[PDB]
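Read the single chain below, which is given as structure tokens and is the form deposited in one PDB entry.
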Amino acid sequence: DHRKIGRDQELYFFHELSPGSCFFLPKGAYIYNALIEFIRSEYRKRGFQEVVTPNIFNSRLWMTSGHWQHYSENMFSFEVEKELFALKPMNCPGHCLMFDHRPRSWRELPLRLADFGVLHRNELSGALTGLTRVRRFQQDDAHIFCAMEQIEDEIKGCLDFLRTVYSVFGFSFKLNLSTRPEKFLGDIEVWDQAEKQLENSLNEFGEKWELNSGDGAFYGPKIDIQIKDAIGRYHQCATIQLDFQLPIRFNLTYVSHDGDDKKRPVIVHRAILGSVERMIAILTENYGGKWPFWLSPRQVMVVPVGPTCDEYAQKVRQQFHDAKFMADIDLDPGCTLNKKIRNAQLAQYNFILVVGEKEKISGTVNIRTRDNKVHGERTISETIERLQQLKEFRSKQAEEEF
């Protein structure tokens, strides 16, 4: 489904020379960068600070993190000057080094570090499918370093995030709490404070949530989120994961209000999209090829009524292109208006701007949609402004709200 649309819409493809990795053609790449810019746009508002980290590390780091022990087979390892190195499966330890880079206080907390960095995980070749099961991807990854007392407040924020992002997509979602398992690490009082705060947040949030007892990780309790597509399928995407182990293994510390300087923070792993790749696949199948305007690789199709208008159509497009819209043009003299409009619709262009003598004289465009409805003849400036609003607010039906 999403793969066939990927090839048909010239979004992305796969080659046997890099299994589990994807090739994004300029349009799919536009979608990639669009999603990332969305996440960042929310980061700037929510107090998340993006960082750039290394993609490879010495084996010792993975030894202290616990990957070399429990993840070793999923990691690509190689040798640099007789020392063991590996590509990062996760961004977490690198962020731990960043927190531990200098002394930190309680006034810095909560400290939220976001990373889009490239993750590699070694998946058996037989199990690889499309963008769903991959060896390479960029996850929208942030870690929250806070005090225990702050947890409840950070979680509710973390939920407010989800509900916002998904509400842009038009997804409905369900939540579930996985608590302390049989075998667990660290003191149980910490576990209890944490889980109490988690429950309080989930209840304050208002959504019906499920409790899976003992299904949490040994290093911390967790909230999992599943997304429901248009057809009603569920995909595990978002997660909120507490880690008490990581601060101990990297010996992480802040200076309390008190301030005792031996207090360790709590780590919160969170992702919302999952990975960009995964979100792209799911969205490609969910939208059925019809992309919302802000995500759309083909936003505008300028078509002339006749060759006489070929120049005007060139101007118009350029102007829309200078408005940061993805705007193409159909100049083929050997094809009819209706056929160009229809083909633009089959190619899933959100807006088709038809121009003719009347439009050339008045400096206007005749607005057609993908649906294909008529929005009449408007000035190019009016149209640009309206489209700009539809793009900025990420309207899911732009054509109807025009």
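Throughout, rigid core stands for the largest set of C-alpha atoms superposing within 1.5 Å between the two forms. Residue numbers count along the first chain shown, from 1. First, how it differs from the form deposited in another entry.
- The one residue among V134, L177, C96, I280 whose Cα position changes by 2 Å or more between the two forms, with the core held fixed by superposition, is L177.
- Annotation: Cα of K208 displaced by at least 2 Å between the two forms, core superposition.
- The Cα shift for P265 between the two forms, taken after rigid core superposition, is smaller than 2 angstroms.
- In a rigid-core overlay of the protein, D328 has its C-alpha displaced by under 2 Å between the two forms.
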The other form holds:
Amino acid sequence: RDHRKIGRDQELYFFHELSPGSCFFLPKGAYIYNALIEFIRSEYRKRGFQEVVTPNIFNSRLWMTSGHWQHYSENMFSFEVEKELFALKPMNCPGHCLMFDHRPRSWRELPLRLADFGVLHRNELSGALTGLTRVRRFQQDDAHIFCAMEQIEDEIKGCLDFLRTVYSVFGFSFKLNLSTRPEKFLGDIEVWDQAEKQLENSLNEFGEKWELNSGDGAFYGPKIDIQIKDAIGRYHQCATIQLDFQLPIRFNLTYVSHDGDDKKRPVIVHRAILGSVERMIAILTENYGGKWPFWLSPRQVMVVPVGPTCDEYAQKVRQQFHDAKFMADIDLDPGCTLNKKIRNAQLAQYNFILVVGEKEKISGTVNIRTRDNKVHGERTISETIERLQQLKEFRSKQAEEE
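Switch from the form deposited in one PDB entry to the form deposited in another entry and give that structure.
Excluded here are partners and other molecules; the one chain stands alone.
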């Protein structure tokens, strides 16, 4: 259905006229935002990606150097500072190039994979802006791979595999596209043809069917564009793999090669899997219809006292799950039946409802019910925490509590 509506109703996020094309993520929405980042970071840690932090604001001269100013000026927020033109970054690459270039580099560091969740700004038109789908502010799960010519093949394979494992945690399939030199391109047509050839070859050595997106490459290189299929039937433009021979020439990037070859230029692969956190929250909100899987759920645990004499104990249980990092709420409202409250928490999409009466208070236990109304019965607080930690850590689908 509609992410804007669900995000509003579930108290995840909202939009305000004083900041069009940006989003206000309420506590429950920020939890989803951060869990998506943690998910990506945890993959980075097994794949040799290293997170960095960069500026948001740069002198126009940087954008001139990178050719962003020439090709991409329509889309940037510029202002002046002590009589010099500055602009909010729309992409992280040029910053990353300064980082590669900061000190001399050795072949031994390659591939160098720099990741960045920094906030980007693109000046889309007022009337084109919509929800989390077309925006002015976003954070990508961005990274730039700086590598040698001989590493290109393996790194592209690496990107496709990473992308497959990521979307398989959501349960998503995907389709592949090859995007060709646009008009408004940078550098040499013959260099671009090498770049297109290599992407083509990488596409054919990977399993899958692919189509041509004629003329849709970035100004700096051709790309593999990946559309994801959600559980409903919709395709979304999320991921890219972009082969860039042009920026290294622009920034005069070099590394020291095997001794004694001369210095060479690094190759740059731009990539993003989620695309932007914002776009991906949109997609997921609609995909699950608010029925979040446990690790993504900002409603993990509802604690329900049987009656008001078990209130304080319910508060204790709720605090314990809270302190163990779960999104845990409590329903003390005396006006409704136990069964009504269980049903409400279930309609509000809580994964686990923990019922607490006298007998549970006395023994430090909980009576477990799931979202889909499965009864698992009595377990201690600690064992419940332990088992729920596994389900979260492994990012599964929680009809598996046994």
